[PDB]
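The primary structure of each chain is shown beneath.
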Amino acid sequence: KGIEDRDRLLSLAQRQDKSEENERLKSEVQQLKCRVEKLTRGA
Amino acid sequence: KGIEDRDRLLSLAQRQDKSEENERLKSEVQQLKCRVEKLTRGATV
Amino acid sequence: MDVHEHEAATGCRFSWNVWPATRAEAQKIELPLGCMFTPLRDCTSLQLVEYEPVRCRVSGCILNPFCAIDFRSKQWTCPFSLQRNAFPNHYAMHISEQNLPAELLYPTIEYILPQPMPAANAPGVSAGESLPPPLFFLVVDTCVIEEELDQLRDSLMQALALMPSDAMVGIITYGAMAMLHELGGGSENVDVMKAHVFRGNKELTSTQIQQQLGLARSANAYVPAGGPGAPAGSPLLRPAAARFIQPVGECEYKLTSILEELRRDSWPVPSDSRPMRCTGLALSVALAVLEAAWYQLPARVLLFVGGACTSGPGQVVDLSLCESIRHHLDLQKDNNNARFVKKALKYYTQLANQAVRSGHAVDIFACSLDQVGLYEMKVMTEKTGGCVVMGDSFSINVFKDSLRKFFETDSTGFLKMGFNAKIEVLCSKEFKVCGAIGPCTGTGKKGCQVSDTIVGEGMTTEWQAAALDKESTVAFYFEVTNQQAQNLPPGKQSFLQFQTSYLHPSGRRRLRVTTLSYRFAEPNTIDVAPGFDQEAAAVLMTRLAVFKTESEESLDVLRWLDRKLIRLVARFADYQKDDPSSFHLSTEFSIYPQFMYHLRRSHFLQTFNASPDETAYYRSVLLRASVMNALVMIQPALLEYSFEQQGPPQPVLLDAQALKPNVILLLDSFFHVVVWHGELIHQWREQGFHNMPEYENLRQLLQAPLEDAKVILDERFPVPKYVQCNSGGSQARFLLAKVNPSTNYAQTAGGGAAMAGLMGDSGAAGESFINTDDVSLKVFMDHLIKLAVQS
Amino acid sequence: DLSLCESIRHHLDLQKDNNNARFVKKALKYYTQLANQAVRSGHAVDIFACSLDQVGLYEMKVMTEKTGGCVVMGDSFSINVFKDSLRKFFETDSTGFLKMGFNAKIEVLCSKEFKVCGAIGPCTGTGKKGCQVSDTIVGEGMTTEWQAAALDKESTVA
Amino acid sequence: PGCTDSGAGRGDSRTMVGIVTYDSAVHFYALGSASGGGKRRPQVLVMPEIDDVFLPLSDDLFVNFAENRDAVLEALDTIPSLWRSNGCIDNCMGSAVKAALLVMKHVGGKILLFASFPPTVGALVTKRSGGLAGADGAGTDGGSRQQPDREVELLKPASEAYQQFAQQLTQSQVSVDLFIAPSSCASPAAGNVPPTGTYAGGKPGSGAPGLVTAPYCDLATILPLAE
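Chains as they are written, first to last, in my numbering: chain U, 1 to 43; chain R, 1 to 45; chain V, 1 to 791; chain H, 1 to 158; chain G, 1 to 227.
Calculated from the structure, these hints are not laboratory results. Positions of the beta carbon are idealized from the N, C-alpha and C atoms, including for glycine. Take these hints with a grain of salt, some might be off.
Heads up, simulated BS3-like pairs for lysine-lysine below, C-alpha to C-alpha not over 25 Å straight-line [what the hints assert, rightly or not]: (1) V:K405 with U:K38; (2) G:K98 with V:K194; (3) H:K105 with V:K343; (4) V:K405 with V:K721; (5) G:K105 with V:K202.
Here are the computed distance ranges between Cβ atoms for each label pair [stated by the list, open to error]: (6) V:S126 with H:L12: 25 to 33 Å; (7) V:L777 with U:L9: 44 to 52 Å; (8) V:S126 with H:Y30: 55 to 63 Å; (9) V:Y222 with H:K129: 53 to 61 Å.
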């Protein structure tokens, strides 16, 4: 029973380890911080 | 022995879990798209 | 004595102007003797000459207006060792009381030294030609996202406009590889660019790089100036070195196209892996080319890095995203996440070492939201005198104005930066030099003026600093070596002298000689008490704290801090024994205990809530800032705007009581200029009281910070984060991090539990509570007075 | 060179084979010429190079192993190596005579099983080739006896 | 070959084309189009590691000729105009063919190699003992023309390096087509070598200019790359 509980928690931890979404969210912070200054510089 | 190996695999996956940082990185990008749509409202002015 | 006027006149500030006479008293003070010196400070009475400077010849004591005033035979002894030298014949035959030479009336004298014959190391320099203008070696990262390189390209294309057109320039773009781009050549190959490639994961020595690129000095290169027929060849650089280093105005077009084609690392980066980054190799190629081509010449290596180094030498992390980087608890507690920092440490200290011996400055413009490796990177700038500009992006204003002020010119169109500075100090027999904390390296020049005690870079009277500017301040530490007070006569004034043989960008050698006088005290101890400044002494023990954190634990630096604070307060205060109510401190001592109060909570000694790279930016700017710059970063300064007060803003202490809802608070912590709007003001402008003409006074007060914030963004290098925020907004966290809470949990749960219950109209004004475990301010003087009186 | 203008030789210059080999190699062959006539005659050469700057031990070194001498390298003359190295070089033994040998010849007499090849140290091979010398020379070889212009109480030969 | 000559109008010359030039360093030409669809100008990458040869890490050094028809042809026009004042005398062709092998580990093909002199630096360098390179005539001191039993050693390869590297080409299915072209235009490397030592004398010249023969390219050593 402890093995099964550790296995389902392993599946939850692997699903919540969204390392691809960390680098993904590190992408559009870089686009959005660049779009926001070309609007001020273009004025 | 499977309990000890799965406990090591869980607790390694808990250091390598980046869920709290993922939640906060969704937070300021929400206020960044709110800010960039704020300056498009100022662009139409 | 006006310490503000003294720094305005000679560019220096001493912790003592009345000095301890004996070494028994010098340790009884418990504060070491120190002085902050800015060798390029804009003096209000700075004067320039060119001729041969008249020193003590056998010793080197420049003729201060403090020497012998011998008239009957026109000699002068020296201020030190007193050995009777004579005027030359032209230097004496127009002497009188009214006709007395220039440097013998004023202390701060520039000597633009007349140029000697060319010293057999730059072949082709004619007798009378200026030394070649300084170099900028741009080493740019390409492993970041495309828009980030677009802003970095735009800032770089601005940068190529801002340096003078005569300056040298070279470029290296690094990704997985190291691409040294070709700039020279004839006019026949303008349309095609070239790039020599170096393997990132291989160790390249300075010998190997020069042999691969042909920059190695040939052992049989003796055809000395013997070819008549070479058409208009530049003699400062041989054609081997000319293929990478060219004037800005000559390769302006091809540099424009190179930055135009600057595309990312074309490697398919795995989704679970970092980009391939040879930052350590790219700096090795830049320093090896500059050593062979540009030895003992003004160079600066502008490294624009946007992440961590993952390739070859200088590596800091592995490739996988599963293993994170170190943080401060990983440094203290022994983790696998930093298994590569060591090989990056000796690598970055050794490439700092040929940069010192060849006189090349290093700049590191680190720019990423993610960390970069700045903890390892800091040693490359601190030895060579360079600056660190760490920002969250290559595009935020912290980078854009810092880069353009790095090419900001003086009133005559040249850079406000010296190069290859030669700072040697001469002192009395009553006090000797311990060492120097700052952007300079001890060269081990032995002499009779060095003490035993080592404080930082010492064991020399002379320091090399490859980069100095108008704000480079270096601490000098002193020790009085007099054993008995009977050896000092009354009226005996001791002296010290600094001289800086630096390179102005015009191409000629300068010599800034600044000399002062100081008087020891009487055998009575208390005579030094009026002559103390609290701002200048606070800077030196901040620098001592940041130097002692490099070797000892930062916790032990805290223990050394408050044990010196207890010993100093207990000795300099007038009080009765076992009576805290009789405590009193003088004007010179009344704010210094508050200086050390926020010292222990700044990021220089506290590693909490900050990455080691964020703190790496903090120590690097701490080790080169001036006294006015240091009090800003050690204590944030809060200014206030309201209708109730007419004229200048007043300083308000950092508490939650300062957040009363109808103010504008200007927070200034050297890294965040925060213009914060109050809660009631945000209530006014929500419906627009300032917009409609009924309450235009609110609009006038709203634009009042838009002049003091602009003038302090203009004066500050590096430029801070300018954040304009309101009350309750997301951008107000910068102010709330520095604002202390006025009410603690001890003051609430310590008494008064029944006489609060039944009166009054459903709350009042909505007080904002800040939770922290820090001891409040007022309790600290209660503990310090009790400990000092008991001791 | 004559003036305080160009750079004297360093370990950096030797590694990256700089232009500064014109006074490395030319002075090396000149001092080797002087060392060859010194070892041919039988006289030892002493160096007391005591300069605060670069003086050139890497070329003046060849004088002292081919003959056998002293290489005392203080910093300035008031600095205390130069006193006590000098007076210990002149002080005598228990019998009152100065403890230095002159014009020594160190012969090796091996068996019919092993043979001698090298004498790396403060000696120089002279000759007398025979069956007592084998190939694969490391150091001074093709010889059975080695000279010694001078040899002290502390000299050892490999 | 590889162009579909069975006539239905569709863009499918599958042929793989790359360009490599060599001197004391090793020079490659990136010829792929940009990822944004623009007509990218070529980038030449100098590679100075002639001892440990590596690929300068780019993915456009070996591109399809049909999809990069423009990029290849103009790159052929710019190569003569680019190496104009290249005063380098040495060459490292042995390292150049090793670098050629690195390009087509995954493809194979042919190497249209144009060499003028034997390699003097870099890998696969061969030196010949006994001074037999002067048999065609480059020295005037009585020591190499009286032994006709050793001229058969001039006809075999001097070293076993080139057949071992040719075996590495065989396992990767890569052929080499050599084009050896000695120069007769008065190469200055035969008399511009830094000297020391001893002679002089006499009597200048007048007539019959040179009878320029082909310099010794040691063609027997370089045979195993094609044979």
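Tested hints:
{"no.": "1", "hint": "V:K405 with U:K38", "verdict": "21 Å, holds"}
{"no.": "2", "hint": "G:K98 with V:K194", "verdict": "22 Å, holds"}
{"no.": "3", "hint": "H:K105 with V:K343", "verdict": "52 Å, violated"}
{"no.": "4", "hint": "V:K405 with V:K721", "verdict": "15 Å, holds"}
{"no.": "5", "hint": "G:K105 with V:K202", "verdict": "22 Å, holds"}
{"no.": "6", "hint": "V:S126 with H:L12: 25 to 33 Å", "verdict": "29 Å, holds"}
{"no.": "7", "hint": "V:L777 with U:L9: 44 to 52 Å", "verdict": "47 Å, holds"}
{"no.": "8", "hint": "V:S126 with H:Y30: 55 to 63 Å", "verdict": "34 Å, violated"}
{"no.": "9", "hint": "V:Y222 with H:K129: 53 to 61 Å", "verdict": "42 Å, violated"}
Hints 3, 8 and 9 from the list above are not met by this structure, while the remaining hints are.
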